[PDB]
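Novice: What follows is each chain in one-letter form.
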Amino acid sequence: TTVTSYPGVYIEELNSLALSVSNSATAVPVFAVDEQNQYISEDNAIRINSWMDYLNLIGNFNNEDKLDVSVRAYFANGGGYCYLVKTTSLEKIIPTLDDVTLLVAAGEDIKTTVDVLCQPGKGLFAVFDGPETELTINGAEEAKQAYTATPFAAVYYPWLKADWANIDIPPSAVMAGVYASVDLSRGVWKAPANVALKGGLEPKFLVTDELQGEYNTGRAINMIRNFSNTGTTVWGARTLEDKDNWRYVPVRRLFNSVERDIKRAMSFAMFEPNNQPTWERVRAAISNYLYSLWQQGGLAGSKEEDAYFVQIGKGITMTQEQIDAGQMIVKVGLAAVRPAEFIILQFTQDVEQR
Amino acid sequence: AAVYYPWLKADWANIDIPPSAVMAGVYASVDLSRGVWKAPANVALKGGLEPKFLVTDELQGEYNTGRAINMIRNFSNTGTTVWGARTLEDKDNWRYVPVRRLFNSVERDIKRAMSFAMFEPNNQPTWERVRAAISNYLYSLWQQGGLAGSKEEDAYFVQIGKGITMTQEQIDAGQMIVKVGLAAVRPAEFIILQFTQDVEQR
Amino acid sequence: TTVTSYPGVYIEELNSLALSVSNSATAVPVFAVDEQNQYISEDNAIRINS
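Chains as they are written, first to last, in PDB author numbering: chain A, 2 to 355; chain a, 154 to 355; chain f, 2 to 51.
Please keep in mind that the hints were generated in silico from the structure rather than gathered at the bench. Note that the Cβ used here is the ideal one computed from N, Cα and C, for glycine as well. Don't take each hint at face value.
To be verified - Simulated pairs of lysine-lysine, BS3-like, Cα-Cα distance not exceeding 30 angstroms:
no., chain 1, residue 1, chain 2, residue 2
1, A, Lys315, a, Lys304
2, A, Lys264, a, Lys244
3, A, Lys264, a, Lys332
4, a, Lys332, A, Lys315
5, a, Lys244, A, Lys315
Stated by the list, open to error - Simulated DEER-style distance windows between Cβ atoms:
no., chain 1, residue 1, chain 2, residue 2, range
6, f, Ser6, a, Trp160, 17 to 27 angstroms
7, A, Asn38, f, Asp35, 55 to 65 angstroms
8, a, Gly219, A, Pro96, 56 to 66 angstroms
9, A, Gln39, a, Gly219, 42 to 52 angstroms
10, A, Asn289, a, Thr218, 32 to 42 angstroms
11, A, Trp165, a, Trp160, 39 to 49 angstroms
12, A, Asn38, f, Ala46, 14 to 24 angstroms
13, a, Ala163, A, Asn289, 54 to 64 angstroms
Claimed, not checked - Not close to chain a: a few residues of chain f, all C-beta gaps over 10 angstroms, as computed:
no., residue
14, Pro8
15, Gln39
16, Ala46
Working from the sequences, and respecting the hints, build out all of it.
Specialist: Take a look at the structure:
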């Protein structure tokens with residue numbers, strides 16, 4: 002540590018491992034632009050902040066082209082900054098980017114590129130757009146066949162039609178803004194459904210309630226439905242996967258933003274020597290992040306011993322021989338809240354029975 | 154030994170700087186600031202010099218095994234940082250340059266102390282001083298966190314005495330034998346994170 | 002399970018078998034229509050809701 006050579010006063014500042022977890026950039030999307038759009042440069046993530054910032058790329062032509070309408074509809078719903086890449090070089094740019102967590106298809110049919118991109122380790126929940134044609138109720142078995150069931154996706158059926166820019170707006174770029182608006186206003190764990198679309202755009206296809214019955218099961222297609230109380234609202238929080246674990250886009254995107262806020266904090270404690278002083282700081286810094294989500298109501302459970310658990314230590318999670326290979330193992334439990342998809346009400350006339 | 158791949162390029166002195174002289178200063182900066190047992194990787198280079206060759210992460214996958222080559226990699230959070238603590242040997246004992254250079258600085262600080270007790274006659278008064286003086290050094294490293302283990306009976310052990318480490322016939326040849334155990338800490342090379350949705354299971 | 006190749010942070014999500022039993026569609030009938038009824042298409046389960 003310190004060497005003492007000459008008689009004098011030696012100042013040395015020993016400091017413990019200071020570890021804290023930063024939460025930032027929950028929903029920052031990317032837009033796979035149309036390949037024909039000549040204004041996006043080839044193989045460069047040109048980044049835009051606002052619509053006046055985007056308008057320096059192209060000063061006119063808000064009316065016709067389907068990318069140009071989509072990013073205008075994106076900034077109207079929710080505020081964010083988005084990168085614009087061509088779909089030809091989509092798989093080359095996205096891994097070398099800072100925070101891209103919604104690979105949003107602005108009507109470009111990039112299902113194969115999404116499956117190559119997102120492994121279970123990376124993250125970046127990627128929304129899709131529904132089929133622009135009519136979906137009847139008895140043609141449900143074929144309309145689901147085009148999408149392949151993966152828990153990193155979401156489909157939204159009715160393509161939207163607005164007053165300005167008379168071409169049909171894709172629903173995926175519209176719903177991309179509602180994600181960043183909900184994750185900013187009420188946090189990431191609240192489901193992005195049941196929020197009115199702030200832009201003045203109506204669904205082109207009306208939604209029967211029985212039509213949503215046989216589509217919102219299996220690899221579900223969420224449906225934008227307009228009714229009289231709140232206007233045109235999004236009405237689906239299900240992803241493209243039907244099992245008990247990963248059924249919901251709030252329960253999926255909470256496990257993205259927790260597994261990315263901790264991974265940035267683990268870069269500070271990267272090459273620290275792992276013993277009992279080190280993994281007490283890593284346990285206490287992660288458990289304060291998972292406690293702050295529990296006080297905000299993002300995790301279910303009555304008290305904090307049930308909402309989460311974190312376990313580091315020789316013995317408990319890793320053996321001695323794994324320490325000799327230099328790999329410390331952190332087990333993290335989360336009980337994420339799931340939305341009330343079907344609130345049911347049971348009415349009894351037996352009040353003394355209880 | 155230790156190898157560091159990308160030769161560095163700086164603004165001043167436009168010839169290519171070798172990485173070995175650059176990494177030599179980071180060793181003396183880490184060993185002074187946080188001690189010898191902390192791994193000399195994950196420290197930004199204070200000089201204004203960038204790597205001449207960019208490092209792909211998959212390129213480091215098949216080079217950081219076997220007789221490994223450590224790689225200086227620049228990323229956006231901390232700048233150009235050193236990113237390897239492995240030596241040129243792939244076995245379980247001597248895999249790391251902190252676990253190697255701790256066994257150099259302990260086996261040289263004690264060897265200078267053994268010159269004072271060099272020709273002392275070895276009996277029960279002598280090797281009680283040598284046992285108690287070495288065990289206080291290995292206790293001071295344990296309180297600084299340089300040695301793993303829960304309590305001091307597990308972090309180290311030192312054994313001198315007729316019987317235990319040396320026999321009677323080796324005393325008659327005049328050679329006393331000191332056995333010293335160390336459990337040096339090894340760096341977290343691959344921190345892995347396992348996420349479960351079963352919180353009442355634990 | 003997991004392979005460790007390069008020094009870094011590895012996220013792997015191990016999840017237990019989540020199994021739950023869904024109860025739905027207890028009594029959904031089919032109607033063998035009359036063979037003379039020309040409006041039902043041949044060999045196709047035409048489905049009606051209301």
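Novice: Now look at each hint and say whether the structure bears it out.
Specialist: Now the hints, each set against the structure:
1. A:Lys315 x a:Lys304: holds (13 angstroms)
2. A:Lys264 x a:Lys244: Within the cut-off at roughly 29 angstroms; holds.
3. A:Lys264 x a:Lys332: Violated - the C-alpha atoms of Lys332 of chain a and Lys264 of chain A are around 42 angstroms apart, more than 30 angstroms.
4. a:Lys332 x A:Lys315: holds (26 angstroms)
5. a:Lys244 x A:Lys315: holds (21 angstroms)
6. f:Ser6 x a:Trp160: 17 to 27 angstroms: Holds - the Cβ-Cβ distance for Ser6 of chain f and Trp160 of chain a, about 24 angstroms, lies within 17 to 27 angstroms.
7. A:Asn38 x f:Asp35: 55 to 65 angstroms: Between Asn38 of chain A and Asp35 of chain f, where Cβ atoms are some 58 angstroms apart, the hint holds.
8. a:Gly219 x A:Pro96: 56 to 66 angstroms: violated (26 angstroms)
9. A:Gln39 x a:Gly219: 42 to 52 angstroms: Holds: the Cβ-Cβ distance is about 49 angstroms, inside 42 to 52 angstroms.
10. A:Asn289 x a:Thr218: 32 to 42 angstroms: holds (36 angstroms)
11. A:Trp165 x a:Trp160: 39 to 49 angstroms: violated (57 angstroms)
12. A:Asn38 x f:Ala46: 14 to 24 angstroms: violated (45 angstroms)
13. a:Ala163 x A:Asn289: 54 to 64 angstroms: Between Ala163 of chain a and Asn289 of chain A, where Cβ atoms are some 41 angstroms apart, the hint is violated.
14. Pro8: The claim is violated: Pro8 of chain f sits with its nearest Cβ about 5 angstroms from chain a, within 10 angstroms.
15. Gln39: It holds; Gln39 of chain f is separated from chain a by about 55 angstroms at its closest Cβ, greater than 10 angstroms.
16. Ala46: Non-interface label on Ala46 of chain f holds, nearest chain a Cβ at 39 angstroms vs cutoff 10 angstroms.
Hint compliance for this structure: hints 3, 8, 11, 12, 13 and 14 are not met, and every other hint is.
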